[PDB]
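Apart from one protein chain that is not included, each protein chain of the complex appears where it belongs.
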Amino acid sequence: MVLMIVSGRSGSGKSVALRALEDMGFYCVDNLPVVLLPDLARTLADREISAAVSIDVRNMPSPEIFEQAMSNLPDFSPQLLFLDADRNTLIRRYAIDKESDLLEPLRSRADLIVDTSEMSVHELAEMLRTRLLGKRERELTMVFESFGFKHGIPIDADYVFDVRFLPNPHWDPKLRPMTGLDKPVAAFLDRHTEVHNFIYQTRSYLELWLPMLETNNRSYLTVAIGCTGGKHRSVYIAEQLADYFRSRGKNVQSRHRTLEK
Amino acid sequence: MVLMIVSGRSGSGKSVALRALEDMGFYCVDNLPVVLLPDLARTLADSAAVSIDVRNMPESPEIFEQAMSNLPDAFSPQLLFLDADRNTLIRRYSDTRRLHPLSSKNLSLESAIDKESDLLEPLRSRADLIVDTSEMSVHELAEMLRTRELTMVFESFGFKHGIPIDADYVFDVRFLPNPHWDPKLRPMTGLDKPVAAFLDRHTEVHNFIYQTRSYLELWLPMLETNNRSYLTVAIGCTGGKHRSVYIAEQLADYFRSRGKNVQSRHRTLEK
Amino acid sequence: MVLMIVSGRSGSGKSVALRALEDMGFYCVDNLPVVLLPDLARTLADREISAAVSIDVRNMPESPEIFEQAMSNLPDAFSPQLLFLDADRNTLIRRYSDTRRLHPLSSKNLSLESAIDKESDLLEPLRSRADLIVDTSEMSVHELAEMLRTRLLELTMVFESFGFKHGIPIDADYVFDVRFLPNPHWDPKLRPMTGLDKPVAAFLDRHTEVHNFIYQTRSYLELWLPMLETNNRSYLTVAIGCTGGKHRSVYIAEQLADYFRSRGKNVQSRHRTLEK
Partner (left out) sequence: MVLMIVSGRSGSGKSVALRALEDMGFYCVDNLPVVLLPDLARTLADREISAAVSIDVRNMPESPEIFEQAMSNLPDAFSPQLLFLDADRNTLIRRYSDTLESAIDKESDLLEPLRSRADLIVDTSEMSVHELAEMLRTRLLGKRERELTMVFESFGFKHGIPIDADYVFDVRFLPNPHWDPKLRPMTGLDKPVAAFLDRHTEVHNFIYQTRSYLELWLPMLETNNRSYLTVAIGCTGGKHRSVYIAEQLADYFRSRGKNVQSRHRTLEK
C-alpha cells in the first residue's frame, strides 16, 4: 500500500535510505523520471508490493509537473521523505545555491524530514528503519554476543555456535594485535569462501526457527559466537550476523564480552 | 540515441557500470520494470542506461522480446553483461543483506549465484559484450569502461631505411633462408612467383609464418575490444625486397582467410 | 616413525610445507630421487628422527611401479604419510615468477595453462593415494605455514541433553535451544517419564515439526563436520537443552546421536538431568 518518495540534497544520504528499504523488501527504482511516476505504480499495484522512488536534483522537472504527477497516483498510499544536510557534511559524503532552490517544491510538502548531518552509514540506516517501523519494544529482542571459550560460555546464551575451525587471523602476525572490528582482520576473513558460507548458513538456520521463537512469549533470544580468545574470528561473525538481521528490520543488539573490558 | 542495458550476476559490478555510465553522461534508471522500458524510451526521444538484474528479469524471455520490440526508432539497444567467477562473487558479498531480497530463499550462496546465471541466460546469450571482472579492483573496472572495427595492416620494410613510425609490432626475418643464393632471383621481389617458390620450398619459413600468426592470434581479441582502429605489424629484412615482402603478404592472406579486415603495404617497393 | 611425502603442483606451496616441517623438526630432503628413498630412510633409522621428502614434477618417475617398489623397501620403523597441496589453475599463474623455466628439467610447453595441467596428470598417482589434501588457494605465506604447525601438535562426537534452569554444560561446543518445539507435557501421562521412555518418543515422533528440527540441525552440523574432523580436535560436544532437561532435549539428543552412528561417526550420548 505504501509508496515512499525519497528526496533531498545531493550528499544527504537518499541512496542509503533507498537501499535500506530494499533490504526490507521494498521494490525501489532510482532516478526514475517524475512524469512516469504514476505509470510505474499501476504496473506494481497488481503486483501487490510496497514501492520506493527517488526524486533527485537530476530528476525534478517547473514545480507544476510535480504536483500534477503526484496527483495522478492511483491505488497505493504515498509519503515523502527528504533529508537535509550540512554543506561540509554533504561535501564529505560525495551550484549549491542552485541546488537548494530547485528542491523547494519537494522541501515544502514532505511528510517526514531527517537531519543526517552527524550520522554514519550504519547510524543513518538504523534511524530510518526506526521511523518507518517504530522503536517496537514489544517485539522479541535478539542479542548476538561474541565470547572466548577459554573464558567460559555466557550464562545467558540460548544458542552457542563454535567458529574455531574457520581461518584464524592470528596466523598473520600483523593482525595479532587487532580485533574483528578492525578493517584488516575483516579482510582476512572475507577472502575465505568458508567464512562467508558459515555466516550465511548460520543466519539461515536461525531464520528457520525465528517465526516460532518470535511468537511464543519470549523477551530475548541470545546467540553466542565463540572462538578461543574472543578477539578476532567470533567478534567478526557476531557483528556480521548481528548486522544481517538489523537490515531485516529485527530488534538486534550486539555485545562483545572480550572487548568490553 | 543508444540504450545501454547493464546486466550480470549479483556481485559482478553492474552497480559500478551505472555510476561510470552516469559519470559519462547517460540517464540512469535502476530497476525500471522490463515492460515499461519503451515508455521510458519514448519519453527520452524528445542516450540512456538501465539495469536488468535478477530483480527485474521476467523469467520468460517473451516479456523481454516483446518489450524490446516496442522500442522507439531513434534508439539502438546494446547489452552489457559483466560477470565474475562463482567464488569471487561469494567473497564480494557484504554479508548483511538478502542476496535476492524479493524472491524465495536459496539453499546456498553457491546455489544462489548459480540459479542467477540460469535465470540470466537469455540476457547473457544475446549479450553484445561480456566483461569478466574477476581480477579487477573498483577503480580499474571504472576506467576500463571510460576507455571504452579493427583493420590489421601488414607492411614489409628494410632495416637500412629505418623502422616505419606507425608500427606497433616489429618482426625481424633477416635470419630466414635468404633467396639471394639463386642469382636469378636477385633482381626479383617476394611478390614475384619464383622468390615465393624458394621461400615456400623451405620448411623453416612456414614454421616462422606459423608461429608468428599464432603469437598474434593470442592477443588479437584483446586488441579488438580496446579502441584501436589500426594494428600495424611490420616485417623487416635488410633490403626490404625479398623475404619480408613475401612473409608480410603471407600473414595477410592468413587473417584474410580468418575473415579479418587486413591490408598490406611494402615500403621498399613503393619508392 | 613418520616418513612425510610432500607433493603438489608447481606453485602450490610444497616448498612452504618443508620450511614449516623443518621449523617443527623434520629432516627434509628436497628432490631426492625416488629410488634412493629407502636408502635415505634406513640411514635415518639408527638416529631416530622423522624425515620429510618432497616428490615433485622433477622427481616423479612417470611409472607408478617405481614409486610403489621404492615404497615397499622402506624400513619397518617408519610410517609413510603423503601430503598433497594444490591450487586453482589461475592462482598458480599469478604465483609464477615469469623469470625461471617452470619445468627447468624437461620439454618446454605450449602454454602456462598446458604446463600446469600436464603437471596434474603426472602427479595423479600421488594425488589419488594422498593421505591429506590441502587446497592452498586462499592462503597467504604465513597461514599455510601456521595451518601446518597447528595440526602437527580420531574425533568422537558427544550429543548431550541438559535443562536450562540448571545451566549450560561447560564442555559444550555447540548449544541448540529446543524449548520452542511441541511440549509433550500436554499429556499428563507423560509428565513423570523421560525422553527415553517410548510413549514420549511416540509423542515427539508424531509431530512433523520435531523431525524438521532434528533434520535441519544435523544437516547444519554436517556443513562443518569435515573441517572439525581435520582440525586437530579430539572431541565435539553438541548440547540440546529445554527448560527441564527431561523430555524434548533428552529425545532430540539421542536422535542426533543415532544419526551420526549411521553415518559411521564416533558418537556417545549423555543426559545431564537424568544422571543426577
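Going in written order, the chains are labelled A, B and C, and every chain counts its residues from 1.
The working rule: a residue touches a chain if its C-beta (ideal position, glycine included) is under 8 Å from a C-beta of that chain, and two chains touch if they have at least 3 such contacts.
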With touch as defined up top, name the shown chains that contact the chain not shown. B, C
Out of B:23, B:65, B:121 or B:135, only one touches the absent chain, namely B:135
Please give every residue of subunit B in contact with the chain that is not shown. 135, 137, 139-140, 142-144, 147, 162-163, 165, 167-172, 175, 208, 211-212, 215, 218-219, 222-223, 226, 234
Residues of subunit C in contact with the chain that isn't shown? 27-33, 35-36, 39-40, 43-44, 58, 90, 93-94, 96, 98-101, 104-105, 108, 111-113
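Operating definition for what follows: only the chains that are shown with their structure count from here on.
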Relative to subunit C, which chain's C-alpha centre is the most remote? B
If you average the CA atoms of subunit A and of subunit B, how many Å lie between those two points? 40
Express in whole angstrom the distance between the two chain centres, defined as the mean CA positions of subunit A and subunit C. 37
